[PDB]
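Take a look at this single chain, the form solved without the RNA, given in structure tokens.
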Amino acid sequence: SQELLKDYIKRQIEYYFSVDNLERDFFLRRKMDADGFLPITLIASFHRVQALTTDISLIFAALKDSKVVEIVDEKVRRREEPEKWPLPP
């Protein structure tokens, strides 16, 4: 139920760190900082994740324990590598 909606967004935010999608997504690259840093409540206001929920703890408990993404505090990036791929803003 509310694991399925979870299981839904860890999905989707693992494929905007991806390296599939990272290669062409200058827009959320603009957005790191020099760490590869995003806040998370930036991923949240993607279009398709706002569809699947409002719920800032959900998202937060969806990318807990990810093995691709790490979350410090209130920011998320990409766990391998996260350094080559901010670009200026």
Second form
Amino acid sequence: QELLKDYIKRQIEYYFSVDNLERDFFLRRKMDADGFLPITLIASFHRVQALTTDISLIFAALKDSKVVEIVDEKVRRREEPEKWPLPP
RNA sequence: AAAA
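With the form solved without the RNA done, generate the form deposited with the RNA bound in the same format.
Now the full complex is given, and it begins with the chain already shown.
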């Protein structure tokens, strides 16, 4: 599933890009104070769900990333994640 | 779901 994993990885990395985060108020409101978001929330986003509903594949796509980091069931931008959370 |  390497090709599909690459598309998934790059799609999710876009959500965690600075360009997207500057405008993505929904994503920032779902962040905890340390910037973490449930991976299953990301899995529900339409462009990811179109590609797969296989949660292990999504996890595998994200371990291959230099943009995001995973802790247990959550994911955040590696660089200055505390910059981004917003009040509900 | 203006790539939430």
